[PDB]
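Here is what each chain is made of, one letter per residue.
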Amino acid sequence: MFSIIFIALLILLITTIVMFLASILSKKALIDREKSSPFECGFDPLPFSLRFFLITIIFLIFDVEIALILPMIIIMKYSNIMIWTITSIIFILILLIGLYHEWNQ
Amino acid sequence: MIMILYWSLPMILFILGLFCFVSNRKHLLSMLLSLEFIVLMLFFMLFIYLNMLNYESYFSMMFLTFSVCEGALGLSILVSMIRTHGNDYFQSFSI
Amino acid sequence: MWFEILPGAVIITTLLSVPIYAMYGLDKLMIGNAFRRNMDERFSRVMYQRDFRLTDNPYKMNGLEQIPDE
Amino acid sequence: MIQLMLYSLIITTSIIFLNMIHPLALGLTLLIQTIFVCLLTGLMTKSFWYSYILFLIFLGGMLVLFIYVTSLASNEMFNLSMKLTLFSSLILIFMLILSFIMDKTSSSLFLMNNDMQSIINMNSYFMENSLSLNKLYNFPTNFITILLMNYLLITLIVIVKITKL
Amino acid sequence: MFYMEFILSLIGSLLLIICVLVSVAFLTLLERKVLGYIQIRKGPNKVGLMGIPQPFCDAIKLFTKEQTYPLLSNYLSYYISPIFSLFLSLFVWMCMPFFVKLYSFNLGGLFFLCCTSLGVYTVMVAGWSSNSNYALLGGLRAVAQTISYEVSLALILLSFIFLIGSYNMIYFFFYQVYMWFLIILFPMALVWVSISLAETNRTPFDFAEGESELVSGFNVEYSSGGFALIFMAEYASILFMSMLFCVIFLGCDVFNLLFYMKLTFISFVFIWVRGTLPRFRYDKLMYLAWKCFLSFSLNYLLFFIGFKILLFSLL
Amino acid sequence: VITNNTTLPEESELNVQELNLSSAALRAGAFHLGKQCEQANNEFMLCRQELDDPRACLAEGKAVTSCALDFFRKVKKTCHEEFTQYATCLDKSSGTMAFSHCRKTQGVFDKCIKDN
Amino acid sequence: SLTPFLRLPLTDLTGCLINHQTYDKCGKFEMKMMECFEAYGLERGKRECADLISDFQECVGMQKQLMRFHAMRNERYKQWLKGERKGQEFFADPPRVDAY
Amino acid sequence: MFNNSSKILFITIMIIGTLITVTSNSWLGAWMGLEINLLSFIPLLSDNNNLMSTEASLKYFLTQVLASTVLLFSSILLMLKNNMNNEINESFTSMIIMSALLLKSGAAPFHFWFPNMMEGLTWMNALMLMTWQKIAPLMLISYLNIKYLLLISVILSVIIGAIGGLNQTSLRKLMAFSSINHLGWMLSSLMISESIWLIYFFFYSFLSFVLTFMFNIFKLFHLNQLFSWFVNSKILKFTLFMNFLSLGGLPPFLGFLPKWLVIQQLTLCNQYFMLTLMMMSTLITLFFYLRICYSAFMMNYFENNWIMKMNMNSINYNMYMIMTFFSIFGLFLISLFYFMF
Amino acid sequence: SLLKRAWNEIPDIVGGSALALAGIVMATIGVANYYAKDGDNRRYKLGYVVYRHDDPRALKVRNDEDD
Ligand SMILES: CCCCCCCCCCCCCCCCCC(=O)OC[C@H](COP(=O)([O-])OCC[N+](C)(C)C)OC(=O)CCCCCCCCCCCCCCCCC
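Residue numbers (the entry's author numbering), protein chains in the order written: chain 3, 1 to 45, 51 to 110; chain 4L, 1 to 95; chain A1, 1 to 70; chain 6, 1 to 165; chain 1, 1 to 315; chain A8, 2 to 117; chain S5, 2 to 101; chain 2, 1 to 341; chain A3, 11 to 77.
Everything labelled a hint here was simulated from the structure, so no lab data went into it.
Cβ atoms here follow ideal geometry from the backbone N, Cα and C, with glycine treated the same way.
Treat the hints with care, since some could be wrong.
To be verified - Here are the in silico distance ranges between beta carbons for each label pair:
id, chain 1, residue 1, chain 2, residue 2, range
1, 3, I5, 6, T105, 39 to 47 Å
2, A3, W17, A1, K28, 55 to 63 Å
3, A1, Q66, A3, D50, 41 to 49 Å
4, 3, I5, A3, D65, 15 to 23 Å
5, 1, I183, 6, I21, 15 to 23 Å
6, 2, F273, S5, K33, 55 to 63 Å
7, 2, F221, 6, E76, 41 to 49 Å
8, 4L, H85, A3, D22, 41 to 49 Å
9, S5, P10, 6, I101, 33 to 41 Å
10, 1, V269, 3, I5, 54 to 62 Å
11, 2, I88, 6, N121, 29 to 37 Å
12, 6, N121, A3, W17, 14 to 22 Å
13, 6, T105, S5, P10, 34 to 42 Å
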């Protein structure tokens, strides 16, 4: 993992050096009032959305749920088979029943 | 001693995040972000505890599930005041 | 006609073939063994530790000539 | 050594987390603190499973809600100060040279890694991330993870009710 | 600990980064060339000889133009998105299955899911700091589709990990010594193509970064080097998805030249679906990511739970 | 923890000639080593697992080391070049020392052992 | 371990969650404490069973061993600062890499 | 509070989480149950018709998660010092555990969130708050053996909870301040018994159900609103208001019994000064109980004449009149009780 | 009918439900096949596992040929 830190810091250093040299190599012109303006098509110029927030919340709940589906590949050769099967079938079946119930309602 | 050299830093940063949680110079979003900062420090200290034991590290995703549900609960409490208190309630310095 | 795509694709086949094949040369140059030792299982790491304990190069072999005559 | 570097980075990011006030900037400080917390909890452990779990759950899974809410909360940009950057760099170089002049054997953690264990330890040779995750899927502690999945579904039911949709 | 391991790991990683970047440039050339041949028209030509240095004509132009800003006062947050985007696109390649050892990633799928989970973060800072309503809409739409198929991608790769029994990417090689996984996982092949064109913004999932409904989603204010780094990061994501299709489904075959021929062929397939399909909608893409692909993911994960239990009794 | 009351063995008792072979020379020729040296390995590991005492069955550990040395000297007397080629192909075959990458020299080594 | 107030069916899952009983360096010490807490109870086990409490805390808490290690390392540095020990003999003969 | 079946679901999961809290044999599974109880008590205490309920739920969230993280941090610190859940000699980490529990329960150094949240709720979520949500922290307080924190909390609870309810003319804040004083009698019983606490808590819960049902059926939120409350017979209004004299601890009614059992057990445990400090500071509680009883003990009032029919629920008031009878005639059942011994 | 409507509107979910039912059936088949023989006594143990002849576990070892 210590080599991963060194190579990630080297990628970050190389990208910042490339962008700094690109900013030096960029052609410096006179800065303007209208050039700095945010682009709206043509003529010059959002509230909170709850639907996207519950999309993020559904993503979070399913992400923490996936983080419990993640370990059981390793445990299948090192656990009780009946307990592992009962928990896996119950886990994915309650997930499917909840998904279908939230679809129907 | 053992407390001074080992696991002293999560205590200090936990008290710093607690003081950022309750200071009157901050706002509600800063309270929630400092709350997840002390969630991270709690994970650090809990993992230092759980790694004295060999094979009980599986509890780390239980506390993670509960505190992440706490954080989503706090965000959904805080944004439920958008349609009632307006969009300017995030800058409130007092409750 | 349609064979002008192959200038733009076969080069892609060459460049991505570089970072393994050059290493399959380069590990044969400074190590002498073409494959670096796999560190996945703990037993492989312990036996690699044993090799680097025995010789300063862990990929240098201690064969049957190391055994004294008795 | 690199554990002390992560100590210094967490101290520096925590004191700049205390200093700043812009909410997306605190969110950025949290997302760059979570990486160092993941690595530093990876230094004590046998294998990096729980650092990955904390990574997907906290940073990529949960804090994107915080980044979205703090992005739509603040209209304005960051006011970058070179004074705070210089102070953070000065305390970072001071804490790295303090870790240079300090013995790293006494400052290392007592928690055993996968290679810090004994060679005659039978359990360490079996399979990486096997015995620690075993109690999740065995009797009688499987009821907790069944209750956790039920808890996440019940959490979603709570969140739909309290936001009023 | 032996220092030539560090030296050769550094040399191999830097050589991988250099070859990935030049393959990104030639992938832009290949996409402009055969994407023209999707229609009747020709690709690039007339620059240098037969259009070969056209991406270097792009690189000289994009590194010389005026670095404009979405506001004049404070724009350091505008800089940090292409840096982290190219950093993640060059950092995700470290979990490639190398048979000669470069990095012993025993958990490579989790590393891939981590870098994909940062993809939402770099596109969110791309959207917000560009100070435009088009930029915020494109950033929110890209974050929406990428977290919508993040859960699906995690479940699909989680179903694939049940076949090899571990998280080690090189274990895809030993289970493909007799046949490829394209035979056994062909609906998973179509679903994985729909996944890999969703995390990376391509034409079938292009409501995030299209030129029709928005002028550009999150590259609307990015130009003169930042657009170059973003473009190189996105094409490196395309190259990574082509490689990851070629490891899981097609046999890993890391040494053989046929593996890199198949990687160029899956890049050709990515440019082939670039020219064919129209673009989905927001409501239909929420229908696709959370109902159809999620139901298929959980169902066929149940199928491999039953199959791996059935083979465990027989073996 | 080690005090003056605990009776550690002397360093002269621990001065035993050790099996100083590499990983490729231990992975190759292992299947003939275990069958020839199964009488002492099982007793020594039963000593290590039952008593869980490092000071106990040190004579069993010395017997395991001497039996492995005797087997490797017997291999050195008769089949030396074949075992050297087998260990060389086992180390140069792949990263981990896997037996399935080259089976061509394993057959020659087993033929040498079967003939001698 | 804490005695719960009520003994319902809902303590059956929480009780086994953290315990040294799964393979550990000295869970066999903890069992020798825990059965003692079945003998005298929780409150008489704090007084009559104090010798078996300190061994388990010494084993998994690692208090006096780390304190002795820090006493042996700070005394060596104090001898270095006081001029008694200096040069290449500051550190002793290092152990072998597979010794522990 | 039964407008939806989802609220019944939240009620049974908060019951499950509280039972997980009070049956946990470790200091971390108790925190797990505390988070389950918190998750199921956030949607209750929140409604669309009342504006103050959302910010009151925000106050509840910040107060509980501040208290739960300090409870987790100190429990992990105790486990880092000594690896069993108990402690031989009591130290400062048990003090941090008990202070984090006192922020959860609402003892008077940490009680300032309690009536300030109570100022904007309904009378059924208040019934859940002062009764069931006091189960989860108080049952963990019994596991610790430090005396001076309980002493300071009991003394501060009986002076601050009694004096502070005098200025309040809102019924919810007055009932919150009265529950703060009745909290201190429960912690004073916790230093001497784990059964006398159950006696006081069960009958205090009983008095809370029968007294908050008077303000929930007829929708009473003010002291002046009690004077305008129309009952068809003024003898019935006089009889129904005897639950205030019952809960204040007067000898012919019930509610004298648990306070009397606390007095009996504390004097037998040689604690006389703290008992005198509580009972000189419980007369103020009967004073703001008798200030409510101005609206019924006189037999005629200057009523507003537009309302001439008393409107009420059927099932809830049928459950109310059973419990009102046992609130004032329940001292006849002392011969049948055997749970004091 | 009802299955014709589900096969008309949502055929991938019907095929996935058929695959999940088949996986549940062969999961129960695999559990019954694992517990029909001595599946709790695996043939190939990890680590170095030795039993003396006085142990009760030494009488339950498998002498089957390698498959
Ligand atoms: C070398 C190959 C050359 C040829 C191919 C070249 C390209 C490479 C592959 C590219 C594939 C396409 C990528 C982009 C796809 C874009 C379209 C898209 O996303 O469509 C989504 C669509 C959307 O579904 P839809 O069409 O129902 O929805 C639209 C219609 N409405 C909204 C009205 C309902 O399809 C799916 O999602 C289908 C599900 C996944 C695939 C099927 C898996 C089912 C399970 C396996 C079989 C089960 C058993 C069956 C037998 C037994 C039955 C009892």
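Going down the list of hints, with the structure as the test:
Between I5 (chain 3) and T105 (chain 6) the CB atoms are about 21 Å apart, so this pair departs from the stated range of 39 to 47 Å. A beta carbon spacing of about 60 Å between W17 (chain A3) and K28 (chain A1) agrees with the range 55 to 63 Å that was offered as a hint. At roughly 45 Å, the beta carbons of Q66 (chain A1) and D50 (chain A3) sit within the given window of 41 to 49 Å. Judged by the Cβ atoms, the range 15 to 23 Å given for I5 (chain 3) and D65 (chain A3) is violated: they are separated by roughly 49 Å.
In this structure the hint that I183 (chain 1) and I21 (chain 6) lie 15 to 23 Å apart at CB is violated, the actual value being about 58 Å. The hinted window of 55 to 63 Å between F273 (chain 2) and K33 (chain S5) is violated, with their beta carbons roughly 44 Å apart. Our hint of 41 to 49 Å for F221 (chain 2) and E76 (chain 6) holds, since their Cβ atoms are close to 43 Å apart. Judged by the Cβ atoms, the range 41 to 49 Å given for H85 (chain 4L) and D22 (chain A3) holds: they are separated by roughly 44 Å.
The hinted range of 33 to 41 Å is not satisfied by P10 (chain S5) and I101 (chain 6), whose Cβ atoms lie roughly 58 Å apart. Checked against the hint of 54 to 62 Å, the C-beta distance between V269 (chain 1) and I5 (chain 3) comes to roughly 36 Å, which is inconsistent with it. A hinted range of 29 to 37 Å for the beta carbons of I88 (chain 2) and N121 (chain 6) is consistent with their spacing of about 32 Å. About 57 Å separates the C-beta atoms of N121 (chain 6) and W17 (chain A3), a value inconsistent with the hinted range of 14 to 22 Å.
Checked against the given bound of 34 to 42 Å, the beta carbons of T105 (chain 6) and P10 (chain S5), roughly 50 Å apart, lie outside it.
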